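Engineer: If you want the building blocks of each chain, they are given just below.
2 protein chains.
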Amino acid sequence: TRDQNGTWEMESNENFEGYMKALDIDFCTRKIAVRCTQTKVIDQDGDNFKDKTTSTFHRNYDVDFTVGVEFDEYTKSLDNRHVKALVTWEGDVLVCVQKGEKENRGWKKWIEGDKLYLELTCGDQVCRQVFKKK
Amino acid sequence: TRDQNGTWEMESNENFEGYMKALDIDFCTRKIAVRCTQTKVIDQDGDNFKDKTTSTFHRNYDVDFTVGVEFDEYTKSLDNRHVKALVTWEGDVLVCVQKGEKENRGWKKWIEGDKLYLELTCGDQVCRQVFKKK
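The listed protein sequences correspond, in order, to chains B and A. Per the deposited numbering, residue 1 is the first one in the first sequence, and the count goes up by one each step. Per the deposited numbering, residue 1 is the first one in the second sequence, and the count goes up by one each step.
Hints listed in this document are in silico derivations from the structure and should not be mistaken for laboratory results. Note that CB positions come from ideal geometry on N, CA and C, so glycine has one too.
Quick partial rundown of chain A residues pointing at chain B, CB under 8 Å, derived from the structure: (1) 16; (2) 27; (3) 32; (4) 133; (5) 134.
Within a straight-line C-alpha distance of at most 25 Å, the following computed SDA-like cross-link-like pairs (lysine to any residue) qualify: (6) A:50 <-> B:113; (7) B:21 <-> B:10; (8) B:134 <-> A:41; (9) B:84 <-> B:123; (10) B:31 <-> A:79; (11) B:134 <-> A:49; (12) B:133 <-> B:93; (13) B:76 <-> B:34.
Isolated chain B (complex conformation):
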């Protein structure tokens, strides 16, 4: 049949790497591409085609802790280091010190209204993230 309409999920993919190398695509772009599942949404009206390809993947980083109990954190998919992490309350702020190779490494986390605030520190570098409640 000629009718390709529908939403399609990729089930096998052979020699994706050999093809991307022939296109001279760099190592990192290739690494992202091979991790993605692919969904094709095809809308076909006779000889008129609309093809939307969605590339996606997801990874999880999970930490469990008790306030006041030191725990070993292995920072997988970040810098892959071991730190000794200790979380305390300072007011209504959750404060963590990650003792290890890097000095002044830690974070602070707190709620204000309907937003969660996260400040990640290493050395002189601070990263500030803001999350909104779903």
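Start from chain B and add chain A according to the hints.
Structural biologist: Just chain A now, with coordinates in the frame of chain B:
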């Protein structure tokens, strides 16, 4: 408030790059991380916390065309090249030639049984992908 329970979706992220460089993280890992959106699911029981952060990469690539009408394609989900793409029917197979810098570059797309087949060619490298209805 001290209640951090819930699902939190990241809305802003400042100096994530400077923080990761202070952790000595390589180019590719830094590249993937800054492109992911972030969702934090926090389960809080007194001072006991579980924080599951999911990092999601998600991109859409849309091509629209009419069979037999040449169109301009910018391959942003692969090698970011401009090609002149022309799609024709060969029987019930959709055949495309992507005219441009790369020699013998094109693809073929067809339905066989109940699955969608996509064969991508550049030079002597062929990639075969198979899709099922989702």
